[PDB]
Amino acid sequence: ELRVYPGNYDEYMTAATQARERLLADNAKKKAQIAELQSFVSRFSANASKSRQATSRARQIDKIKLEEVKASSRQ
Amino acid sequence: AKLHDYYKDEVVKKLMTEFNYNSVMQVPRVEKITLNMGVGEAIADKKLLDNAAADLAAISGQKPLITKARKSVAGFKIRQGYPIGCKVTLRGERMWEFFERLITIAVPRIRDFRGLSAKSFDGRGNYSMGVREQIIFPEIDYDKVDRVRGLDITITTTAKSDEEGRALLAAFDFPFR
Amino acid sequence: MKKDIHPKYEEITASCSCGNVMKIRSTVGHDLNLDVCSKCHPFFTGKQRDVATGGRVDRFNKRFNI
Amino acid sequence: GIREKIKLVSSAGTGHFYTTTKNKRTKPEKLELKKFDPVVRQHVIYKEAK
Amino acid sequence: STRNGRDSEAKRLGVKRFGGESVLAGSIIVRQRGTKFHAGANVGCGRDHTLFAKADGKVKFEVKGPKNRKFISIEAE
Amino acid sequence: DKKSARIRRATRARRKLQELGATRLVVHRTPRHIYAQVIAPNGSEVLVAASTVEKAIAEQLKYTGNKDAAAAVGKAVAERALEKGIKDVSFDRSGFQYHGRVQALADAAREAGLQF
Amino acid sequence: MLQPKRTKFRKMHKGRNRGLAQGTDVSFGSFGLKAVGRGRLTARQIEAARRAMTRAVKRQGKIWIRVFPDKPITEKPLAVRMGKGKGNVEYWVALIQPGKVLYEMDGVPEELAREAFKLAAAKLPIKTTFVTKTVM
RNA sequence: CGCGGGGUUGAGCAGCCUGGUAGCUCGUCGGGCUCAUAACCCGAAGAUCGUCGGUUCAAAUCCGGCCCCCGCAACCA
RNA sequence: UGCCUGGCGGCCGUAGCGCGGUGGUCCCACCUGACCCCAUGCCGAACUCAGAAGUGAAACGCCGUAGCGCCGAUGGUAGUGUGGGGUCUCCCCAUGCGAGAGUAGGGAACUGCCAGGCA
RNA sequence: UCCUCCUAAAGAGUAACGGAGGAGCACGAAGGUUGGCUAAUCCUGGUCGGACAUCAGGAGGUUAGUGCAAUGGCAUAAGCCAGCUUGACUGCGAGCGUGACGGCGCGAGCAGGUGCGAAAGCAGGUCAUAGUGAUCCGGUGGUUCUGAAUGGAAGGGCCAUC
RNA sequence: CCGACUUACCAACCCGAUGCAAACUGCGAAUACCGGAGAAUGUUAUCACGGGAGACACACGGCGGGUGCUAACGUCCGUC
Ligand SMILES: *C(=O)[C@H](CCSC)NC=O
Ligand SMILES: [Mg+2]
Ligand SMILES: [Mg+2]
Ligand SMILES: [Mg+2]
Ligand SMILES: [Mg+2]
Ligand SMILES: [Mg+2]
Ligand SMILES: [Mg+2]
Ligand SMILES: [Mg+2]
Ligand SMILES: [Mg+2]
Ligand SMILES: [Mg+2]
Ligand SMILES: [Mg+2]
Ligand SMILES: [Mg+2]
Ligand SMILES: [Mg+2]
Ligand SMILES: [Mg+2]
Ligand SMILES: [Mg+2]
Ligand SMILES: [Mg+2]
Ligand SMILES: [Mg+2]
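Chains as they are written, first to last, in UniProt numbering: chain A, 229 to 303; chain B, 2 to 178; chain C, 1 to 66; chain D, 4 to 53; chain E, 9 to 85; chain F, 2 to 117; chain G, 1 to 136.
FYI, nobody ran anything at the bench for these hints, they're computed from the structure.
Virtual Cβ for every residue (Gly too), placed ideally from N, Cα, C.
A couple of the hints might just be wrong.
With a straight-line Cα cutoff of 27 Å, these simulated DSSO-like cross-link-like pairs (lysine-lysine) come out [claimed, not checked]:
id : chain 1 : residue 1 : chain 2 : residue 2
1  : D       : 37        : D       : 53
2  : C       : 2         : B       : 88
3  : B       : 15        : C       : 2
4  : C       : 3         : B       : 64
5  : F       : 4         : E       : 75
To give a feel for the contact side, a few chain B residues facing chain C, derived at Cβ under 10 Å [as the list claims (entries may be wrong)]:
id : residue
6  : 58
7  : 95
8  : 101
9  : 105
10 : 106
11 : 108
12 : 110
13 : 114
14 : 116
15 : 118
16 : 119
17 : 123
18 : 139
19 : 176
Chain G is nowhere near these chain E residues, computed Cβ spacing over 10 Å in every case [stated by the list, open to error]:
id : residue
20 : 17
21 : 18
22 : 21
23 : 29
24 : 35
25 : 40
26 : 44
27 : 54
28 : 62
29 : 71
30 : 77
31 : 81
32 : 83
Build out the structure end to end from the sequences listed, making use of the hints.
The structure is reproduced here in C-alpha cells:
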C-alpha cells in the first residue's frame with residue numbers, strides 16, 4: 229500500500245526505519261510470549277485432577293493474534 | 002523412381018522365380034520407411050529437440066513429427082507429454098528416393114564399414130538399422146551440426162517372414178555379409 | 001504435402017570421384033562431388049587388405065642379415 | 004477460498020448481472036460472455052465488473 | 009481402535025416400480041448410481057442416470073443387447 | 002481394420018435414429034458403386050432401394066462411382082419414394098464423411114422434394 | 001509359526017463355523033489325518049503337532065500341511081473395560097470343520113505313519129481320525 | 001505404539017522462513033616460524049542435508065510414509 | 001424356385017478363436033494415379049477424389065475339422081419357509097422349494113426385407 | 001456437519017467409544033456441440049539407451065484411464081485429440097422420489113432468444129454420489145409498489161446479491 | 001577384457017493339483033417385498049380429515065449378526 233509521511237527524505241527514512249524495526253521487534257516479542265503462554269497448555273492439558281486448570285489461559289493465547297509481517301519490496 | 006522401376010521390372014520376376022509364387026501380388030514388397038531418433042537430452046533443453054528436427058528435415062525431405070513420452074517413468078525422470086523423440090514416415094516416391102540415396106552413397110560413407118548385419122530382422126520380414134553418425138548423409142556438411150546424434154532406419158515391408166525380407170533386400174544389392 | 005511446411009526439394013546432379021554421374025532429388029541447393037558410390041566401394045576388393053594387420057616373425061628375419 | 008466471487012454486468016445498459024467465481028491469479032482478464040438479458044430479452048455481452 | 013465410526017445417510021436407491029406396474033408420465037422407475045439399467049424404449053435418463061417414464065404405460069424389464077445389459081422399457085397402453 | 006472401424010463410427014448416429022423412431026435413408030458407398038435405400042423405423046424391412054448396380058440407373062452413366070453417379074442415384078431414390086408417400090426421412094452417413102459423393106448423393110435427393 | 005504376510009485388512013469378524021468340510025480327500029500323499037470334530041485350530045497347535053510327527057518318522061518322508069490359519073483373532077487386555085474399540089490381534093487360527101484333512105505324509109510304512117499321526121492327534125484340540133488314499 | 005522436539009561435515013550449531021549461493025567454531029592433514037613441542041601464519045580434504053516416495057523446470061527447504069534419539073503421560077474413591 | 005454376392009436388422013458364443021481347404025462372369029477386397037474436391041499436429045498409410053491395368057496373395061465370404069471357448073441334464077449334496085426335537089457356540093424329524101461345482105452329453109448356428117449376377 | 005464400502009439378515013431403512021477411507025474444493029475450459037482415435041503389460045529387431053524414454057512388428061484385449069476417497073458405470077465410450085463456441089440462459093413445469101418438518105433431488109414438455117451440425121438432433125453445467133449452514137440485524141444495484149395534511153424525501157416493500 | 005566355466009543357493013510371471021475371505025464374484029436359492037387377476041372369509045379390519053391423549057428408562061426367549069472369551073440374568077441391532 230501507499231503510506232504517507234511528512235518530511236523531505238531523511239524524515240521518511242527515519243520514520244520507516246523506526247516503524248519497521250519496531251514492528252519486527254514487537255511481533256517477535258508477541259510470538260515469544262505466545263510460545264511461553266503455550267507452556268502449560270501443551271504441558272498438561274490432560275490427565276489427573278488438574279485438567280481444567282490450563283483451560284483458563286487457553287483464551288489469552290488467541291486474544292493476541294500475532295500481526296503478520298510482509299516481505300519488503302526492497303531486496 | 003529408378004529403384005521403383007528396377008523393382009517392378011526385375012525384382013518381381015526374380016523373386017517369383019526364386020520362391021515359386023502363384024500370384025504376382027504374393028511377392029514381398031517394401032511398404033514404408035521410418036527414420037527416428039529419441040534425443041533423450043531434451044529434458045533440460047528444448048532447443049536440442051528443434052535442432053534434431055532440423056537435422057531430420059534435412060536428411061529426409063519432410064517435417065519430423067515430435068513424439069512425446071507415452072507414460073511417465075522415474076528411471077530417466079520424465080513425465081507424460083514431454084517431447085522426447087522425432088520421427089519421419091516415408092511412403093511411395095520419397096520412400097524410394099531415400100532408399101536409393103541411402104544404399105548407393107550414404108552406406109559407403111560410414112566410417113569403418115564392413116557390411117550391415119543380416120541377422121537384424123524382427124522375425125516378421127521387417128528390417129532395422131542404426132547409423133550412429135548423422136554426417137554420412139550429404140545433406141549435412143559437418144559445419145552446421147554440433148553433435149554425432151544418430152538415426153534409426155526401419156524398413157517395414159509386406160514380407161511374410163524374415164527370410165523373404167532378406168531375399169527382397171538382397172535383390173536391391175543391400176550390403177549384407 | 002502440406003503447403004510449404006517442409007524443406008525445399010529439387011533435382012540435383014551428384015558425381016563420384018571417378019564420374020558415375022547420378023540424378024538424385026535431394027534438399028541441398030547445390031550439387032556435390034563425392035567419394036566412391038556403392039558401385040566403387042572397396043568392400044569387395046580390399047577385404048584381404050583390410051584384415052591384414054600383424055607380422056613380426058618375418059620382420060626379424062630381414063633384420064637377421066647373418 | 005482461493006476462488007473469488009465476481010459478477011458479470013450487462014452491456015445493454017440495464018441493471019442485470021450474472022454472478023460467478025473466477026480464479027483471481029491466472030491472469031486478470033474481464034470475462035467476455037454472451038448471455039441472455041431478460042430486461043431487454045436479447046443476447047448481449049456481459050463484461051465482468053464488481 | 010478409534011479414528012473410525014463415520015458413515016453417510018442412505019441414498020434410498022434401487023427400483024421404485026417393478027415389472028407390470030402402471031406408471032404415469034415422468035414417474036421415476038429406478039434410482040441408480042451408475043447405469044446398471046439402461047434406458048430402453050420410452051424411458052429417459054437424468055443426470056443421476058435416473059431412469060424415468062416418458063409415456064405412461066406398463067414397465068417392462070428386458071436383457072436385450074450385444075453385452076446382455078438390462079434395459080427398461082414401457083408398453084404404452 | 003477398415004470396415005469394422007467404419008461400422009463402429011456409425012453406431013451412435015444410428016442408435017439415436019432408432020430411439021427417435023424415424024425412417025432413415027442409409028447409404029453404402031464403394032470405389033465402384035454407391036447404394037442407397039429407405040429403411041422403415043423397425044430397421045428390418047426396406048421400402049425403397051436404388052443403386053448403380055441397377056441397369057436402369059447405370060446404363061445412362063459414363064462411370065458409376067464418381068460424384069455425378071451419386072447425383073444420378075440420389076435423384077432416383079427420391080423420385081422412387083415420392084410416389085410411395087415417404088417424404089420425411091433422416092439422412093444416415095453410415096460411417097462415411099459427409100464431404101464427397103455422399104454429399105452429392107444427399108443434395109440430389111434433397112433437391113427432389115425429399116425433406117431432411 | 002504359520003501366518004499370512006501382507007493381509008488386506010487388519011481385523012476380521014467373528015463368523016460362525018457351520019457346514020461340513022471341503023478338503024476331504026487325501027490327494028498329494030497316501031496317509032492323512034482327517035478331522036472328526038469342529039473348532040478353530042490355532043497356528044501354534046499346527047506347529048506343535050507338526051514337530052511331533054516330523055520327528056516320529058526320524059526325518060525321512062515328505063509331509064503336507066493342508067490347512068493355513070489366515071484368520072486374525074483379537075483379544076482385549078486385562079483390566080480393560082468393554083468398548084472403546086476392537087481388541088488387538090494376537091494369534092491366527094484355521095477354522096476346522098468335520099471332514100477336513102489336516103496333515104498327510106508319504107514315503108513311510110503304514111504302521112509308522114499310523115503311529116506318527118497318533119503323536120500329533122494328541123496335540124490338537126479336535127478329534128481326528130486316520131484315513132488312507134483311495135482311487136475315487 | 002499414546003503425545004511433543006530433533007537428525008546437515010569428526011564434535012557442537014546456522015542455513016527450513018516462503019525452493020534459484022552447503023555455512024560457522026573447534027577438530028584433521030601438508031608446509032612455515034622454533035634447538036623442539038605448544039601458540040601463531042599459509043593452503044587444502046570431506047556432507048546422499050537420516051532413509052523412501054510425491055508435486056515441482058528446479059527441493060536441505062513444500063507434502064506424505066519409515067527409522068533412530070530426546071522428554072511427558074498412562075486419574076481419583 | 002436354386003446357387004453365390006451387397007446393404008439393413010432380429011438373435012445374442014450351441015452363435016467366438018484356432019487349424020485345413022476353397023471363390024473372382026457379377027459383387028467385394030486389395031490396386032493405378034493424384035494437379036484438382038478434401039488430408040495428415042510428419043506421411044493420400046487413414047479420410048477424400050479421378051479411375052480402371054492386375055491379383056484373389058492379405059482381408060472377406062463359404063465348406064470341413066473338437067484342439068480351446070461355450071451350452072449342459074438325471075441322480076446325489078449344500079441351503080432354506082413352516083411345524084416338532086436334541087447330548088441345544090451345532091445338528092436331527094415331518095413337509096414344501098431346491099442350488100453351485102462336477103459327470104454322461106450337445107456343439108463348430110438359425111432367421112427376415114430389398115437389390116444384383118448366374119441357372 | 002457432509003461423502004463411499006462392510007456389519008445390513010438377495011426391496012427401502014436399521015445401532016454400538018464396530019471395521020476401513022475421504023471433503024470444506026477445482027474448471028472460462030477440465031462445460032456445449034461437430035469430426036476423429038483407442039488402453040495397461042509383455043515378446044523379437046534397433047546409436048548412444050540402461051531393467052523400463054523414442055521407432056517398427058506381434059500377443060493381449062481394457063488387468064488402462066476417469067481433476068480428488070470408495071462403490072456403481074463407461075467402446076454408441078462417461079477415456080484421448082482438434083474446429084467453432086457460451087445452454088455454466090431467462091419465465092415456467094405434467095408427474096414422481098426422499099424426509100416429522102425446515103428442506104433436498106429427478107424431470108418430459110411450453111414461451112422468448114442462442115451455440116454447434118449439411119441434417120435428424122444435442123445443449124437449463126462437469127460419469128454420479130462430498131466441496132456446506134436457516135432466521136434476525138445490516139451493506140450494494142435496480143424498481144414510483146407504499147410515501148402518516150398535500151408535492152417531494154427519509155424509511156419500508158419486491159427482484160438480484162454480499 | 002568379455003564373464004571365459006560353475007553353485008550343495010533364492011527364484012517373480014506362466015502350467016497341473018489343494019484350501020480361505022464382512023469390505024472377492026465368470027454362478028446363485030429358500031424367504032421377504034412390489035404390482036395384476038380370481039373365489040372364500042373377516043361385525044371396515046383400509047385410507048383422509050377433525051377433538052383428546054399417553055409414550056420416547058424396556059426385559060427375557062427363538063432365529064440372523066456386531067462387541068466380548070461364539071463368557072455373563074453383559075452390550076448394540078433386525079424379525080417373531
Ligand atoms: C471414598 O470412598 C471416601 C469416602 C468414604 S465415605 C463412606 N473418601 C472420600 O473422600
Ligand atoms: Mg455344469
Ligand atoms: Mg438391503
Ligand atoms: Mg432384507
Ligand atoms: Mg427400526
Ligand atoms: Mg470432463
Ligand atoms: Mg463424438
Ligand atoms: Mg466430455
Ligand atoms: Mg467426478
Ligand atoms: Mg405526505
Ligand atoms: Mg408529514
Ligand atoms: Mg429501496
Ligand atoms: Mg429421551
Ligand atoms: Mg431410548
Ligand atoms: Mg431395545
Ligand atoms: Mg427351525
Ligand atoms: Mg440384558
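Against the structure, the hints:
| no. | hint | in the structure |
| --- | --- | --- |
| 1 | D:37 <-> D:53 | holds, 18 Å |
| 2 | C:2 <-> B:88 | holds, 17 Å |
| 3 | B:15 <-> C:2 | violated, 38 Å |
| 4 | C:3 <-> B:64 | holds, 12 Å |
| 5 | F:4 <-> E:75 | holds, 21 Å |
| 6 | 58 | holds, 5 Å |
| 7 | 95 | holds, 8 Å |
| 8 | 101 | holds, 7 Å |
| 9 | 105 | holds, 5 Å |
| 10 | 106 | holds, 5 Å |
| 11 | 108 | holds, 7 Å |
| 12 | 110 | holds, 7 Å |
| 13 | 114 | holds, 6 Å |
| 14 | 116 | holds, 7 Å |
| 15 | 118 | violated, 14 Å |
| 16 | 119 | violated, 14 Å |
| 17 | 123 | violated, 25 Å |
| 18 | 139 | holds, 6 Å |
| 19 | 176 | holds, 7 Å |
| 20 | 17 | holds, 24 Å |
| 21 | 18 | holds, 21 Å |
| 22 | 21 | holds, 25 Å |
| 23 | 29 | holds, 38 Å |
| 24 | 35 | holds, 40 Å |
| 25 | 40 | holds, 28 Å |
| 26 | 44 | holds, 26 Å |
| 27 | 54 | holds, 36 Å |
| 28 | 62 | holds, 45 Å |
| 29 | 71 | holds, 33 Å |
| 30 | 77 | holds, 31 Å |
| 31 | 81 | holds, 41 Å |
| 32 | 83 | holds, 45 Å |
When the structure is compared with the earlier hints, violations turn up for hints 3, 15, 16 and 17 and for no others.
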